[PDB]
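Okay, handing you the structure first.
Just one protein chain is left out here, and the rest sit where they should.
Residue numbering begins at 1 within each chain, and the chains themselves are lettered A and B in the order written.
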Amino acid sequence: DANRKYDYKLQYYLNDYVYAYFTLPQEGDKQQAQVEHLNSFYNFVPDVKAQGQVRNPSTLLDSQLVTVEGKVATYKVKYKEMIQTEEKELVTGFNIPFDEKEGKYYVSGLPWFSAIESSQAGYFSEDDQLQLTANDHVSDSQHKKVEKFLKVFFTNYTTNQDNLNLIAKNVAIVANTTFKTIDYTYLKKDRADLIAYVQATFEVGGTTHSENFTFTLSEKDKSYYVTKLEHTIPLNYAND
Amino acid sequence: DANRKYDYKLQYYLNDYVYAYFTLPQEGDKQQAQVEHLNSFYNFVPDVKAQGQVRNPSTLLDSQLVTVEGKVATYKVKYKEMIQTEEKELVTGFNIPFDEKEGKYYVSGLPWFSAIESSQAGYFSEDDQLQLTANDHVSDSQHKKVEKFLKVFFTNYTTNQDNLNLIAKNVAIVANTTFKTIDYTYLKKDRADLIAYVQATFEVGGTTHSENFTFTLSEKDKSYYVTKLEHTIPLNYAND
Partner (left out) sequence: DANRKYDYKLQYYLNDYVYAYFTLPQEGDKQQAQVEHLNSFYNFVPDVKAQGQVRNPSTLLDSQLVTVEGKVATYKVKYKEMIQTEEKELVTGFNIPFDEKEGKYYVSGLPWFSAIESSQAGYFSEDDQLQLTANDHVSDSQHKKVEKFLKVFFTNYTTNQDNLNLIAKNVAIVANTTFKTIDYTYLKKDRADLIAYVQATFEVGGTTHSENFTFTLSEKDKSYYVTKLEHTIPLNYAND
């Protein structure tokens, strides 16, 4: 535990290179001095056959170190360039060849730009879509006993830890929340347990949001005790 | 070393979801467009039984990805909500169900709010409390020789690496510091070594702070050589 070792020197070295690369101030005192600091990252300033570049003042707005593999670090970069004057926001992937000598780091050649790749998945089957459209086969009198219990549960859940402890196992109260409404309830028996799949509305500051729950309910006296609580409803919820 | 592989795509995907979730601009062109980008994170936009939510403009101020386990990412979140107009700062825990398909990621259902949990430890025994209250059994003449040596040590420590090298093994000088005072010294023999437990005051810019040291001192000529330096004093320091 407390004796674990972490070394983030490489990740922060690469962050410092990205900052040095995408940062160019306006005033010359500042500008050539920032270029010297950028050049300090290389083993050797890369050999460039062009006479020079067109350079505009620029500010780094954001960077994400997404991958390191095979001595290449890949970033997502957001920056702004002042063209003399208009300011333009730009994004690019940015790829840094680097290496290590005696536990120290350097950039080993000209970096390269790439198109940002999204890690967003797509192409899902409609079989994977949760819809809370099922109607359960539990009595209207059990529904009304469960609804009364759930209103007490969510009131305690948003207010009072000791009140919540009496009716639930190892559930923490939430902060800065008001319980508004129960919007869906599907009930299913599992031997002596009653399973409740529930959606409810909460207000935090001035904003409302909905959340899902799976309650495992045991009968206690004339009410219930929550032996288990989850914060998702599974696709198979209405498979009884 | 330099060929290590790092993949942070999941951590930054989740950061981008938190930003998309807690960011809502004022102007409609911007607002519905930010909602579309938020919706792009889901496999399917979650089924919500309420007609709609009350939504206010909001800005993300800070987020910490504290845990990922069992396909749930947990954040500490700081944001501000503009209620039309007053601005209110809010904090919450925020829990994201997600999954992975073919090396890509998605949010799999309604996230849930939780109370922020502190990782601060408490309930310590007074046995664990360091107090620099002990009086050593070393002569006043050794104390004065050690005090003179320690003033040279701390002067060099704050000034001159080559001067420091003559009187200490593998100690680096500190930058931007002035040595002010030695505030505590406990001396103890360990065979031929003299151990010095020391607190001293330093000034950095306009501010003073105290630090602790454990010196291991060897006799060199009519003075000392520091064979070892630590930056803590142990609870057992006055167990001779």
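The definition used in the following text is that a contact is a pair of C-beta atoms (placed from the backbone, for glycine too) under 8 Å apart; a residue touches a chain by one contact, two chains touch by 3 or more.
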Residue of B:119, B:141, B:170 or B:239 in touch with the missing chain, whole complex considered: B:119
Option from B:51, B:84, B:85 or B:131 whose C-beta touches the chain left out: B:131
Selected residue (touches chain absent from view) among B:49, B:55 or B:76: B:76
Sole residue of A:4, A:191 or A:222 that reaches the chain not shown, by the stated touch rule: A:4
Footprint left on chain A by the chain that the document does not show: 1-10, 12-13, 15, 40-41, 43-44, 46-50, 53-56, 58, 72, 81, 83, 88, 90-92, 95, 97, 99-106, 108-117
Residues in chain B touching the chain absent from view: 10-11, 64-71, 76, 98-100, 103, 105, 119-122, 124, 128-133, 172-177, 181, 183-184, 199, 201-212, 231-233
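Note that only the chains that are shown with their structure count from here on.
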Whole-Å gap between the CA centroids of chain A and chain B: 22
